[PDB]
Amino acid sequence: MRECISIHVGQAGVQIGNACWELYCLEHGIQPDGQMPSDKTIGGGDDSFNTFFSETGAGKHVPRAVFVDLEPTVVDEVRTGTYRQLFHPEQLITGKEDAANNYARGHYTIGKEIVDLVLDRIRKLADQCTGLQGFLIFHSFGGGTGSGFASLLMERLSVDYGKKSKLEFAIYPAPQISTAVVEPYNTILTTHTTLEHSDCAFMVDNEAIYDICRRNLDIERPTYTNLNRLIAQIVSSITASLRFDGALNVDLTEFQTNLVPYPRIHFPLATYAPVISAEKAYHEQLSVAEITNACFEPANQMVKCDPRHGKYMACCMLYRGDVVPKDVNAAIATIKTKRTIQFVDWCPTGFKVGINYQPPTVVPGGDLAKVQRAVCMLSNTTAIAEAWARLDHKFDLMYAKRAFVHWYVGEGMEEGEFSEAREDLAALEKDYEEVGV
Amino acid sequence: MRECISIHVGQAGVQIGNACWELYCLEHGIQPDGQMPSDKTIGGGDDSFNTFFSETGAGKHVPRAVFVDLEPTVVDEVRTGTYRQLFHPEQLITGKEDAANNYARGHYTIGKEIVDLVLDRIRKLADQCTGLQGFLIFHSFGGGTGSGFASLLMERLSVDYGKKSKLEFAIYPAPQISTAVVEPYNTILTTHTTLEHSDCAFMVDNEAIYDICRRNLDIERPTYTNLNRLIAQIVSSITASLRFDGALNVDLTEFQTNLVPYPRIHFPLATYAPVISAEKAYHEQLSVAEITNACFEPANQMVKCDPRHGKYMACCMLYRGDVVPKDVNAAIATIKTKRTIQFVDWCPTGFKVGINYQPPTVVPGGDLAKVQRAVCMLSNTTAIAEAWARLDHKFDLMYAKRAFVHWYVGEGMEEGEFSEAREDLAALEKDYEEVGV
Amino acid sequence: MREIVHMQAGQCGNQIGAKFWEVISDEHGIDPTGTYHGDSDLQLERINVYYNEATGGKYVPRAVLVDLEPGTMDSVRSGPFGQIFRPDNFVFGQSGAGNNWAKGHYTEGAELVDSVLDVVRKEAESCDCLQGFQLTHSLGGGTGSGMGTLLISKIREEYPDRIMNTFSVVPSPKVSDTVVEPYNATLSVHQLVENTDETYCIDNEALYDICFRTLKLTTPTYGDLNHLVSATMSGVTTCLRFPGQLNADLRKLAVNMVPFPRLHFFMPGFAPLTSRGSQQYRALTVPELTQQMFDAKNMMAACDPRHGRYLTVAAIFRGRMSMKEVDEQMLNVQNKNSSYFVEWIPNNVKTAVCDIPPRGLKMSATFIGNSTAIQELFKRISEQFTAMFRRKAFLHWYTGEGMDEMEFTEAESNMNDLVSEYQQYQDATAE
Amino acid sequence: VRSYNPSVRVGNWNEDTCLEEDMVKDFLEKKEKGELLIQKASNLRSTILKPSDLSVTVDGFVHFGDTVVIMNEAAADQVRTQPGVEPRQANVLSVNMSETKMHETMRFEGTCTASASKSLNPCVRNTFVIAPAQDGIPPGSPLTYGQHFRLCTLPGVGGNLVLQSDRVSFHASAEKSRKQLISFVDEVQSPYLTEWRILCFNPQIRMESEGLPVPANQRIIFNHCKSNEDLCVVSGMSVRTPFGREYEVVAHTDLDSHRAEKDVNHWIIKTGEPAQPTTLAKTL
Amino acid sequence: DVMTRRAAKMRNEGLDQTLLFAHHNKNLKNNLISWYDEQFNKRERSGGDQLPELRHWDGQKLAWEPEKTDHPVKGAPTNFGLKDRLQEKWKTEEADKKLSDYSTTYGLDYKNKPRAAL
Ligand SMILES: Nc1nc2c(ncn2[C@@H]2O[C@H](COP(=O)(O)OP(=O)(O)OP(=O)(O)O)[C@@H](O)[C@H]2O)c(=O)[nH]1
Ligand SMILES: Nc1nc2c(ncn2[C@@H]2O[C@H](COP(=O)(O)OP(=O)(O)OP(=O)(O)O)[C@@H](O)[C@H]2O)c(=O)[nH]1
Ligand SMILES: Nc1nc2c(ncn2[C@@H]2O[C@H](COP(=O)(O)OP(=O)(O)O)[C@@H](O)[C@H]2O)c(=O)[nH]1
Ligand SMILES: [Mg+2]
Ligand SMILES: [Mg+2]
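Protein chains in written order, with PDB author numbering: chain IK, 1 to 437; chain JK, 1 to 437; chain JJ, 1 to 431; chain 2V, 3 to 286; chain 2G, 60 to 177.
Check each hint, because a few of them may be wrong.
Stated by the list, open to error - Calculated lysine to any residue pairs in the SDA-like style (CA-CA distance at most 20 Å, straight line):
# : chain 1 : residue 1 : chain 2 : residue 2
1 : 2G      : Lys85     : 2V      : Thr19
2 : IK      : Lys124    : IK      : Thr82
3 : 2G      : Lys120    : IK      : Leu26
4 : JK      : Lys280    : 2G      : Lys127
5 : 2V      : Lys35     : 2G      : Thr77
Claimed, not checked - Reference excerpt, derived from the structure (chain 2V facing chain JJ, CB under 8 Å, subset only):
# : residue
6 : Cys20
7 : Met25
8 : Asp28
Hint data in this document are derived by calculation from the structure and do not stem from the laboratory.
Where a beta carbon is used, it is the ideal one built from N, C-alpha and C, also for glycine.
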């Protein structure tokens, strides 16, 4: 009934979805070949899979996913890996040349011959879908396919579908850690062209998950696999209300109407809490107040910025597991009595609370531990303006003497779009300070 | 004693008669082997089967049916199935080649080689009778094996017999969906010449039964078997007064004198209630008043023709079950006090009421629930003139440039029959207009 | 007990006929030795329609095999399912067709027609309720074109009441394989249009396009192209051989599909088609099948129906499905692309449902289409014909094997008149 | 433009690998349920071509119940008179059928038809058992001249096939060189058609030798009885065999200029030599 | 060489009726059942494909699940008995032309009747 279409754009999005669909397969109990092995005769119906899996003919459940990338070897790793006979081969759309960390190359030349094919696949999935809820778009703001083609996808999806929700599970560049050099260019050119074609842009910082996985999950050497598994846990916690039944619930529209106060302000930071290994978990007594304070802890945010230099507008508050509503209410009362957590004066009531009874399934061979309670925080703080201003400063530093602009110009992009993106991000940050004050 | 002969001609007639004789065997407790199950005892008091079944010696009940088909396709299934030892082998009269949707082929060439045999079989089944009431002729207006051979058969039957009633159950085409392309040609050339040799021709429409099954039975994708079972329930509700005792009974002789005002307007519509399923019958209250209003609802007519665009001329009330005539009269008064159901000024009276004591039967693996009461409209009204107008519009659209006429002409049919058929349908439209005004 | 005598003349006709007999032998449970090893008794009840009873449980197909060379006929006798044919109906010549309609129609092919007609007469009076004849030919060679069309003419003269099916591999704008395809196509369609009850024009370019786009299939060769034609030929005649809720035989299809007598050129199709990587991800259902039927890329003729207008459509659904779903699907498509249908014919779709689906598929469907857009094919053949005939190119073979140029002129004028008829029955409104 | 191996991930490799996977799935299905032609042929080679121990005579005469092998000598003129056809080599009468009754049921089942294989090796397909026909004849008794017997195969793999002939009627004749057919049957329709006798070499001492015991390793004549025809190799043309190309044994009384049996009429009974029961016994 | 010719011939022969046109499974045995057989000949279910008569409600399709038109009968194929009758005829044909039959029409037809026939 309620289904979501997941579009994974770029190498980062494809790898995040590679962790994700493994987690969804484990959660809904389907084998990597697409079969349900339960067959419990008297029971075993379990219609909860009809949110991210589509029932085909011979008992095979295919995901509602489009793994799109302009460059091979990563979707080829998907096609040759253990999740081979799970995805539709026509949902693994690939090009021939990457954008090569160039927003102009991913938005103006290489993305044109493949946007029609990915739109046709999206239309086919929507036609099979009965009661579509929204799109979950996993990409990175760093550059290349995940910038230009993602922005192009938002443009055509807002042209075609319109009112449907479009969530952006974006990967955001760190204050200090940066792989690409033209990451400020690609990030701001993504922000300018997806600022009006999105509904909730959850950015996620790699440095913050690095700190979380080192401090909490006591791992000395984390790779991208742990980061993508934690983001899979984020998206599973968000969509658990749609998938499983339970207590007071939210859908995507319930979710976005409480987290987007102003039309330009749709940028909620994500936070997950259980983040505990087995050794630290068995010497712990995880309860609703403890894990709510764990979410409100400034060292648990998935974007590297302290929320003390900012004011919370709204918080969507997803509890999951052995959760009692009055324990939730007492916890939220305690944080509202805490003076250090600062809410904005025009939002006296700011907690979109939702409880589910299905605790998360930890991936075997992973890093987390099995728990009975879980919190997901999605908070629209006025602290992400510091991140926007620091990338604005980086863009001004690069664009002061026109470094790396000749690639865009000779590829087919004007400097007027650079200036327009600069002015739009300045408008966005002054809008944030005007609403926050 | 109240004996009747059923001739099922055409593919649709054979399938409908298959369902009808299944229902009759279940009603009278006759096994598919043609024998009573030997635990009846009684002592011969329950002779309420002789209208449909003979008794050949040891207890083999041979039905009074003639199954006619020019193709050996759907009668061979009867000859080879579990009903093989129920029918007399030459009551399942079979041709060699089908008439190929061709009125001329079914009326002149392939019609005039088996017509002697089918009249011989009808003669044998008619002089093996002691008070025959009439002929129930089940056919479709599709063409050839159906409408064409039924036309030739009734042309010979009116000459052979006399004042015996010949009721027709005709599958009329839908406004939108139909199988054949030469369907308007076959329907016009059949309603030209069976309009003079018939007595009362019920119209049943496949699109109407599809909408009935979608809305009330909640089956989104019914096959022809469900339609045949519903038609069998209609015919059983018609002929239950000839079999089972009731408060007041109606006969086939009573029937035409109640629903044919003038001999050219012998075209009634059939409607049934309740057609609700077993998952809603036990929760919805099912009594006389609301089943009569369900019948008189425009979205229940089994013809795909709204009676709101016409005037009711006569109606046949058929109740079966634990139905009291006081509630019958109360329901009829509530019908007559409604301004939407508009009667005609020259008929201030008219609701032919029959009440039967036997409750409707249920078939294993069927669609309808075990209800304790049911009601059938058999109504004559001016609404069907719209269907005639649509049919003549289709006929003129095809005949304006002589489409498909060469098959009929070269099969041995003169071209002026099309023009005289269009004259006859124009006269039928004008007669319906002057009756309605 | 309606009877079809299958005939194939030429190399391509023999190949597609051998594939047809394979695809119907594993439908009816016939082993390569010819016996009946099936166990479902629904198969062994209409087996007479294409086979003939012999001693034991053996069933010999009712096929007439014609070729003017002891080559590919020996190849199809030595291939798989080649031990089922009687050796009597392997009449072949010891000459060459020459890719020459004159050589096939007025010389050494013509003195083989006596033996061919004796075999056809024996196989036709061995029946009791003969429905008709089904010739599969090449239309661009010399044995399929000339000998096939003369056999059509002789059989139509002898039995001018039975149903004449002709599966013709009409030449393409692309590809080649013969320089005198316009001559062998015009001179054959000139006799097809007056001697055939219904013609299915299959095109090798469209078959290659299907192999490209719905089956990927880097190296399909002629085996897959003949397998699709075999599947279509099996799906057209399935109501004669298996029961169903809504049957339609070849005469029903002809009556419901051919408005005017010289308008019997169709575009067949078959649409439970998907690639091997998507065979276990595609769900067999009536809307999906109907969408692939009415998709313009699944035509087995190179003509694109979007530039023309459908006059009549036939649709035969093998398998167990729901008639409301089928009827409302055709209502939906006829409401949607209503500009692709002629206004003067309401309800341009003839529906048939057969109970038994083919091997592997739970639900299959075949498509027959009579449209204006087939006139582009004959216009192309006319343009190539008037390009060569204006300069007498390759004409001395035809006129020295024994003919006249008046036959060439008559064929060109007749096929141009057929083009004019198709064009006039396109944009003529109702009122 | 350029094409690579499907292991190289450049072109149509995904559904090429899918098609190869489906073909491999079908191949493993036939491998596990045993309809592969390789496995059928290997089973045929293992079960048919198995050495069979022959019977070693003591007095040199043929006795009833002996196994023995029917052989024929090569042509006396082995010198190549004309280049082309090879002169007839030494060969052994054997049992034949084409493909299907070899492939399934593993055994010689029914009507077979015989042939002459060049493999001079005792084997299941080419050893027999001399058996009586009139009953009451004790086993181990001499076969003698003019005395009817039946040539039957072993009761193991083969199912006791009995030699049989027919006429030159137009329903059953040799596949090449239209003549009398030599078959191996299992049901035995009529007992007289499944019956054979042995005539001596010199056609003057024949009447006096009728009754004398038959010697093993010299040339004798196999005469039917019902049709009075003698066994022949009939070289110059061969019949198809799964184990090669073999000559076509035909019953035909072939006569030379002095009305006597030709080179292909003199078959020899080969026992086991008294050193080990396999191999041949050498002529005398 | 005499190998590339055979390889090219078998390549041009072309795939199979199971490598092409076959979806999900490659079996014809389970689909040889007719609507008349599964409706008027009863043909009760067996095994896992036993549809309940409850016909409860679904939310994922907004319709009642157990469609009898979508879940037809699976199992043994449709059989009448004329296969066995024709098999008896084929065994009679094989028992014919057996050389030593030599049986006359009088001997076949005029035999010793059973005692209960008197
Ligand atoms: N969380 C997470 N981030 C990743 C992962 N892989 C890459 N990234 C992010 O991606 C950024 C680099 O740009 P990409 O997203 O790889 O570029 P692209 O979208 O694939 O487009 P191209 O330039 O054509 O490669 C880095 O800054 C990383 O933060 C991953 O596995 N997990
Ligand atoms: N309600 C219902 N209608 C049917 C059934 N079978 C066929 N029809 C209708 O009959 C029309 C065509 O006539 P057919 O019954 O198919 O064939 P026919 O009447 O025997 O005439 P021929 O085609 O010459 O054989 C179609 O348009 C169908 O709507 C059935 O089982 N139930
Ligand atoms: N589909 C298909 N087409 C074929 C086959 N063989 C030949 N053709 C086509 O037939 C045309 C030539 O016809 P041909 O067979 O030579 O006619 P013939 O010489 O009279 O037998 C060529 O254009 C080929 O494309 C085949 O096996 N399958
Ligand atoms: Mg990349
Ligand atoms: Mg019919």
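- Item | Hint numbers contradicted by this structure | Numbers 2, 3, 7 and 8 - these are the hints that the structure violates, sorted from lowest upward.
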